[PDB]
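Build the full structure now, drawing on both the sequences and the hints.
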Amino acid sequence: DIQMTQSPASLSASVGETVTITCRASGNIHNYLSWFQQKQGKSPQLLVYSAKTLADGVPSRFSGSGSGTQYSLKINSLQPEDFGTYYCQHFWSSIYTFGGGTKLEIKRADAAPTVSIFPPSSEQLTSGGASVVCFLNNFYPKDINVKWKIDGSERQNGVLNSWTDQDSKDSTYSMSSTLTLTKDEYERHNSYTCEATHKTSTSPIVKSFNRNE
Amino acid sequence: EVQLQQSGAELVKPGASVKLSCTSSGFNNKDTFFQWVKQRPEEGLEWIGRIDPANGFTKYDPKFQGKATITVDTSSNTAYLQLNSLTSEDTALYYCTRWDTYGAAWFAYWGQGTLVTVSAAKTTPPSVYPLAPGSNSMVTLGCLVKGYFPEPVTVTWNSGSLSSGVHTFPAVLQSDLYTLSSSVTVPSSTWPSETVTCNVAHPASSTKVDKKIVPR
Ligand SMILES: NC(=O)[C@@H](N)CCCCNC(=O)CCCC[C@@H]1SC[C@@H]2NC(=O)N[C@@H]21
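Just so you know, the protein sequences line up as chains A and B, in that order. Final position of the first sequence in this note's numbering is 213; the numbers increase by one with none missing. Final position of the second sequence in this note's numbering is 216; the numbers increase by one with none missing.
Be careful, since some hints might not be right.
Claimed, not checked - Below, in silico cross-link-like pairs of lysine-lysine (DSS-like), each with a Cα-Cα straight-line distance of 30 angstroms or less:
#, chain 1, residue 1, chain 2, residue 2
1, A, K39, A, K107
2, A, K39, B, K19
3, B, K19, B, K208
4, B, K30, A, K52
5, A, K39, B, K67
6, B, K146, A, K183
7, A, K42, B, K30
8, B, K146, A, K149
9, A, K207, B, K212
10, B, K208, A, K183
11, A, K42, B, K63
12, B, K146, A, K169
13, B, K211, A, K147
14, A, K39, A, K74
15, A, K39, B, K59
16, B, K63, A, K103
17, A, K42, B, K211
18, A, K147, B, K146
19, A, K39, B, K30
20, B, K67, A, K42
Unchecked claim - One-sided and incomplete, this derived list gives chain A residues near chain B with beta-carbon spacing under 7 angstroms:
#, residue
21, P44
22, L46
23, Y49
24, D56
25, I95
26, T97
27, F98
28, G100
29, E123
30, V133
31, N137
32, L160
33, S174
34, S176
35, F209
Note that these hints are calculated values from the structure, not bench results. Every residue gets a Cβ at the ideal spot worked out from N, C-alpha and C, and that includes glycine.
Spelled out as structure tokens, the structure:
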């Protein structure tokens, strides 16, 4: 039972920059260390084994170093396909404990969200439900706030928000907001506004519809 | 080719037990261990244990000693992972990983994963609604997938034809039911002139739904 303290927890670098992740072992693990890359919704991929030996078909911009307890991974010419969570694992003792992980963000230029708002579908209405959906797509950085205004007044509850992980193609994020009402609360109001706040724009982005097109 | 073939998703009641499997093919080294690893969503990889196929000897992390039981069939080159006295804490994705040797080089292969959900809540098919806008060059269309349990569903557009421009979001649980959305962005010359369709599968309830995005 050896412990694996990995560092940093999160990182953010532009393509072409050089980054250095570190795993510390609580005892000596005599180079018996592997680094893995895990892409969202995919299995982990080996990068380096035995501390410094590159795995099959791994580009030379990757290299690991260190010895004893102190180990680190280096990436020199950071490329698009490198995003993800990097783990370390040891095989010295009988318990092959992983480090906690180092999640790697791709840094990109600021982008305002494309906001889109959608009234409840007729099918859902006709069953008695009414969800208003608002997408806030392809924005950067990750930090964002959305609020709902119904006939001018801020609405708190019913709202369910969800966020994607960084996009593999354009390195943006995207967010989804769902305000669920009953059909007959929905029909008691006309103006529904999805209002987004982001650092790209000092004045908030506003998308609305009237219940009567 | 060398590859690890796992079993399909599992749904089970609290207190029950389950037995996942992991098959291998074409490994050069017969002595390498099958290992099992637990991952909760947005959490770290967590080593469970391993087995030595030469003799059936196993090691476990103390946290899984008694919880996990790893078995093998070297006869068939398949290895199983039984979990017992299940709770919600055991809900996670479970990988089988195994190393291999050719010459003086190492190789690390991983299975696809095998999801395990532990809950007393009833299987429920999803209600899928289209999202067309009311009154730009590209137009964004949407799909709302609401009221299902358990995770996962799979969302595609035009039977997977529309692969770029897609954003499918993580499900959110509330009151024993998931709600999920997916957006697609396509050229204005494409819709409504052509048919754009939302495909949803929910294997747990054997549901397959196509929802056309009809305008207005
Ligand atoms: N037949 C043989 O080769 C035997 N002497 C060895 C049996 C091998 C059974 N053990 C395993 O599979 C566990 C694999 C541990 C990861 C390995 S240790 C060396 C290499 N460096 C790493 O960072 N990871 C790999």
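**Asked** Was the hint right that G100 (chain A) lines chain B, CB cutoff 7 angstroms?
**Response** holds, 5 angstroms
**Prompt:** Quick one, are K146 (chain B) and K183 (chain A) close enough, alpha carbons at most 30 angstroms?
**Reply:** Cα-Cα ~16 angstroms, so holds.
**Asked** Regarding the hint that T97 (chain A) lies at the interface with chain B, is the smallest CB-CB distance below 7 angstroms?
**Response** holds, 6 angstroms
**Prompt:** CA of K63 (chain B) to CA of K103 (chain A), is that 30 angstroms or under?
**Reply:** holds, 25 angstroms
**Request:** Please verify that hint: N137 (chain A), Cβ, nearest Cβ of chain B, below 7 angstroms or not.
**Result:** holds, 6 angstroms
**Asked** For the pair supplied as a hint, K39 (chain A) and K59 (chain B), is the alpha-carbon distance within the 30 angstroms limit?
**Response** holds, 28 angstroms
**Prompt:** Should the interface hint for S174 (chain A) be scored as holding, given a Cβ-Cβ cut-off of 7 angstroms against chain B?
**Reply:** holds, 5 angstroms
**Message:** Please verify whether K19 (chain B) and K208 (chain B) have alpha carbons no more than 30 angstroms apart.
**Reply:** holds, 27 angstroms
**Pairwise hint evaluation, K107 (chain A) against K39 (chain A), where the allowed Cα distance is 30 angstroms at most** = Distance ~17 angstroms between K39 (chain A) and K107 (chain A) Cα, so the pair holds.
**Request:** Take a quick look at whether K39 (chain A) and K30 (chain B) sit within 30 angstroms of each other, Cα to Cα.
**Result:** Holds, at roughly 29 angstroms.
**Asked** Under the criterion that the straight-line Cα-Cα distance not exceed 30 angstroms, is the pair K211 (chain B), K147 (chain A) satisfied?
**Response** The given pair, whose Cα atoms are some 28 angstroms apart, holds under the 30 angstroms limit.
**Request:** Would you settle whether the hint for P44 (chain A) is holds or violated, based on the nearest Cβ-Cβ distance to chain B being less than 7 angstroms?
**Result:** Hint holds; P44 (chain A) Cβ to chain B Cβ min 6 angstroms, cut 7 angstroms.
Every hint from the earlier list agrees with this structure, and none is contradicted.
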